[PDB]
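**Q** These are the residues of each chain, in order.
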Amino acid sequence: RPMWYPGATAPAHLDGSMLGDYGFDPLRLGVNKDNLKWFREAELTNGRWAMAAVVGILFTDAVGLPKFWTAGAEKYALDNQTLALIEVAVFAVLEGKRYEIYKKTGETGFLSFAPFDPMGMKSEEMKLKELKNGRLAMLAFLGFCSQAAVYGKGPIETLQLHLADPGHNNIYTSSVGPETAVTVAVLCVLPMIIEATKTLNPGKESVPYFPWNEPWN
Amino acid sequence: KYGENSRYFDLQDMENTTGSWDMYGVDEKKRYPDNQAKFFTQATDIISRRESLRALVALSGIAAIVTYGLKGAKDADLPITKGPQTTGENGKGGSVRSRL
Amino acid sequence: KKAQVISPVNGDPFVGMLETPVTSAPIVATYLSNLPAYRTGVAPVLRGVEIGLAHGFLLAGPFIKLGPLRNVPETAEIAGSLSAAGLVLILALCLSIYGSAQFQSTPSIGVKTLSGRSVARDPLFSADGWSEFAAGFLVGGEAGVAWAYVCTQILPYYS
Amino acid sequence: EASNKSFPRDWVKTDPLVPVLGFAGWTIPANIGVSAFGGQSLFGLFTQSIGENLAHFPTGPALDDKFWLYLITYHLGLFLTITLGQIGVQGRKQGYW
Amino acid sequence: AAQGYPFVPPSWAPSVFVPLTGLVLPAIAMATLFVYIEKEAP
Amino acid sequence: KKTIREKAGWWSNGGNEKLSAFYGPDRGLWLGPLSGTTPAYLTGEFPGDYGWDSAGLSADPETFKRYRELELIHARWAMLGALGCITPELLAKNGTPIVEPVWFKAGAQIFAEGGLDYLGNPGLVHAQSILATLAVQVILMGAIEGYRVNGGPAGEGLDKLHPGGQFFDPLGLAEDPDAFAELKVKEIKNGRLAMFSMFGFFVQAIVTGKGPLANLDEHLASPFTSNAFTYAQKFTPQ
Ligand code: CHL
Ligand code: CLA
Ligand SMILES: CCCCCCCCCCCCCCCCCC(=O)OC[C@H](CO[C@@H]1O[C@H](CO)[C@H](O)[C@H](O)[C@H]1O)OC(=O)CCCCCCCCCCCCCCCCC
Ligand SMILES: CC1=C[C@H](O)CC(C)(C)[C@H]1/C=C/C(C)=C/C=C/C(C)=C/C=C/C=C(C)/C=C/C=C(C)/C=C/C1=C(C)C[C@H](O)CC1(C)C
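Chains A, B, C, D, E and F, in that order, are what the protein sequence lines are.
No gaps in the numbering here: position 70 of the first sequence is 70 in my numbering, and each next residue is one more.
Heads up, my numbering is the position in the second sequence plus 217, with the first residue counted as 1.
Heads up, my numbering is the position in the third sequence plus 317, with the first residue counted as 1.
Heads up, my numbering is the position in the fourth sequence plus 476, with the first residue counted as 1.
Heads up, my numbering is the position in the fifth sequence plus 573, with the first residue counted as 1.
Heads up, my numbering is the position in the sixth sequence plus 615, with the first residue counted as 1.
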């Protein structure tokens with residue numbers, strides 16, 4: 001199976017049993033298996049919400065609407081506090097039933113539809129596509145907020161800015177330029193350090209001395 | 218046996234011999250209201266494990282202390298956040314040589 | 318010259334506790350037995366909630382009346398309640414790591430109750446039991462600190 | 477101690493006559509007028525101090541109140557009388573003489 | 574990052590890292606090294 | 616015999632006499648102890664049996680189950696009404712600008728200039744025509760109320776009054792048998808209360824012509840002068 005960098009050897013806990021397993025856990029947060037199940041459900045939930053959020057920010061910035069980091073300060077039909085109140089009140093039951101569905105099944109569900117599948121298109125292929133698009137959408141939303149924090153523009157005005165001058169309107173010519181440049185450089189040279197770790201200790205997995213890892217075993 | 222004739226050592230009763238006693242512990246199950254017990258058993262379900270409670274502690278404490286540094290020490294109006302509000306002890310480097 | 322009060326513990330003069338009125342007076346033993354620490358049949362999570370409510374309500378007072386912001390009128394209670402919340406969180410972490418450290422051996426010796434009937438071991442003194450005890454302690458402590466703030470806000474004669 | 481194998485529950489041998497007789501033996505003599513008090517008594521001045529301090533009910537007594545003197549002397553003698561009464565009752569009942 | 578030499582820390586960096594290094598990292602470290610030292614060899 | 620914490624009902628595990636007061640022959644009745652002869656067909660196996668068939672309309676069991684159906688449907692509709700009658704008035708006294716928050720004049724809001732602002736906001740519903748509103752209402756309600764009697768997309772072979780599948784019990788409160796049987800009589804008692812209160816809303820709108828929360832405030836201000844008797848002289852025949 002493909003990996004997060006070419007020729008990567010996966011950790012002993014990321015043995016490809018789950019989907020999206022590109023062997024990515026350099027911090028070994030998924031050494032515990034129940035933690036890994038909870039983290040998979042959390043990955044897919046963060047990703048579902050970021051999918052909806054990315055498409056929503058896109059639909060909002062596509063038309064003449066307030067910017068997504070200023071849309072909360074607009075005036076609405078309800079007061080702020082009652083909005084938050086009803087939100088908490090309904091999400092109480094919603095997330096309670098979702099947590100119950102996780103405890104029962106191990107996957108998500110709406111309220112009682114353990115598998116929210118009106119149109120029965122559930123598959124492992126569709127699961128992998130949901131996971132992949134959800135990771136992509138988490139990255140996309142992070143980028144929305146980040147290049148709306150450097151600039152005062154949302155997704156597509158910044159995209160048009162990059163398309164206007166690709167060499168001069170990019171992340172390395174903005175205020176966060178240098179740190180992203182050095183970060184990208186380190187991330188490019190990192191896998192060879194990791195591959196040295198794998199090479200000079202052939203077959204021997206190493207423990208990185210982390211608190212969540214229980215490295216004394 | 219144990220409790221009579223000053224026979225303070227019995228192999229069949231090693232708890233009374235060694236002193237493994239519950240001086241005050243009672244084993245009664247009828248303490249709390251079952252609605253309240255259900256509430257407070259359900260309210261602790263997500264943290265009833267060691268690693269999960271340590272995760273909540275880490276999250277909440279990192280967040281509390283980070284937002285303390287960002288807004289809370291200012292909301293508390295700590296002097297380190299307000300600054301000196303004066304010239305300070307700049308020009309008085311010493312009693313002899315008043316350095317900056 | 319009769320009627321000696323001080324007795325050895327459970328009649329055993331070699332264990333070394335010397336049952337004494339402060340130890341084993343009827344009212345004192347009644348009070349200590351009724352405390353949620355010594356209710357070895359109830360779930361440890363609920364006893365932890367009760368203990369934590371008490372301790373989180375009491376330890377807000379010092380931070381409120383003696384903290385660094387004790388003299389600013391309205392910021393005092395907020396500051397002290399946040400401080401008590403932090404201390405309760407620290408104590409909950411302490412309890413969790415204590416449950417990690419202590420409960421690994423499962424000692425096989427039984428427990429009696431000063432009257433002969435071999436009671437069971439308290440589920441509190443088990444890893445899962447102490448995990449849920451610390452969970453209950455966190456929940457109850459934060460709730461008790463919050464209610465201490467509430468009582469500063471709503472009580473009539475709160476000076 | 478070959479005996480005392482259970483820590484008896486009646487460790488204090490309660491005779492309800494003891495507190496009554498101690499309160500009576502201290503307080504009734506505590507209501508005898510002496511000219512050092514100006515013709516008044518220790519317990520009478522004590523009840524008067526409590527009356528004046530009950531007027532301003534929330535705030536507590538002062539330091540120069542002279543209420544504390546009456547309280548402390550009355551309770552010294554009272555606790556001594558009750559203590560020696562219990563001792564004497566359970567010394568006459570038991571042996572000890 | 575900042576104008577001039579980049580990688581100048583923010584103004585709020587002390588206010589964050591001094592509490593971290595002093596309240597958080599010592600908590601993590603002492604907890605980890607407590608669970609390590611009370612751990613029993615199987 | 617029984618200790619103090621059991622009399623308060625601390626322990627919800629050993630409660631088996633909870634349905635004894637609402638089902639079975641030893642239950643509460645309509646006139647209490649002043650109702651001896653319970654009707655012999657109202658045996659108490661259904662929720663809301665207080666032994667009240669004084670007009671005798673439900674002696675036959677088929678008529679009785681049709682009347683039970685009508686009672687529960689009217690109960691749920693009046694519950695939704697009595698929640699949906701006061702809450703525009705509650706949100707107008709909150710400060711949300713609903714322009715005609717009384718329920719008996721809310722239908723005329725669609726004949727205004729700006730149509731029917733939902734929460735007083737043009738960003739909301741903003742429905743202008745009463746005709747398309749009633750058309751989509753009769754289409755949607757025909758589909759739903761026709762799905763109700765013989766099943767449909769949200770359950771087919773379920774009970775005609777209590778389906779409770781994945782759509783009508785999504786929170787799952789009625790999984791337990793005793794909890795479902797207790798919340799049945801809770802439902803029908805809240806529904807009879809709301810049916811009585813909706814009849815009160817109808818009569819209060821007819822003879823006073825003001826808001827029900829306005830009626831509540833005019834009774835809270837003056838209870839003895841502003842009762843139902845100060846409007847008793849409003850239908851005198853001249
Ligand atoms: C022992 C005393 C006792 C009495 C007197 C009543 C009385 C009543 N209960 Mg009952 N209950 C009693 C015990 C208990 N009830 C209940 C639980 C219930 C429930 C759940 C219900 C009742 C209902 C009723 C009513 C049934 C008959 C009716 O509809 O009258 C109708 C006739 C009148 C009330 C008299 C008319 C009113 C007025 C005095 C005369 C008209 C005045 C106007 C000025 C006239 C002008 C109008 C003109 C324009 C035409 C009746 C008022 C039912 C109800 O509420 O119906 C309304 C009902 O649903 N009871 C419990 C719990 C187990 C009891 C325990 O002891
Ligand atoms: C969904 C992924 C995604 C995509 C398609 C883009 C695309 C773009 N970004 Mg955004 N960005 C992202 C994620 C993404 N970014 C994230 C996660 C961050 C947080 C670090 C940012 C932060 C950011 C800033 C601060 C700036 C941009 C800018 C830009 C533009 C120029 C590229 C550049 O200099 O940034 C390079 C981006 C990174 C180094 C971030 C990591 C990107 C990852 C590796 C994904 C790369 C794309 C992926 C392989 C395939 C995309 C899927 C599909 C659309 C084809 C371009 C429109 C610049 C711009 O428009 O200025 C005019 C700019 O100033 N981005
Ligand atoms: C498994 C699937 C689960 C799906 C659950 C249902 C999700 C429903 C999301 C909300 C959809 C409502 C849209 C109705 C049509 C509006 C068309 C329109 O013109 O919009 C127009 C509106 C804007 O219009 C504005 O309305 C405001 C309302 O006060 C103001 O009045 C403004 O003046 C007006 O301009 O656009 C939107 O509001 C779109 C927002 C949609 C997302 C809202 C946040 C929800 C995010 C969490 C979702 C939680 C899901 C669980 C809770 C529900 C459980 C049943
Ligand atoms: C039991 C018995 C017994 C004996 O024997 C005999 C007899 C007497 C006969 C019987 C009795 C009966 C009765 C009482 C009946 C009654 C009923 C009712 C009242 C109902 C209501 C009923 C009521 C109802 C439905 C109601 C409903 C409601 C609804 C829909 C809604 C509404 C609304 C709203 C939201 C508001 C807006 O703005 C509009 C509207 C639209 C307006």
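These are computed hints drawn from the structure, not numbers from a lab.
A hint or two may mislead.
Unchecked claim - Listed below are the simulated SDA-like cross-link pairs for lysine to any residue, each with C-alpha atoms no more than 25 Å apart in a straight line:
#, chain 1, residue 1, chain 2, residue 2
1, F, 804, F, 647
2, F, 680, F, 784
3, B, 288, A, 176
4, C, 429, B, 288
5, B, 246, C, 379
Claimed, not checked - Here are the simulated distance ranges between beta carbons:
#, chain 1, residue 1, chain 2, residue 2, range
6, D, 482, C, 445, 31 to 39 Å
7, F, 835, A, 63, 42 to 50 Å
8, A, 32, F, 752, 32 to 40 Å
C-beta: ideal position from N, C-alpha, C; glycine also.
**Q** List, from low to high, the hint numbers that the structure doesn't satisfy.
**A** Structure breaks hints 4, 5 and 8.
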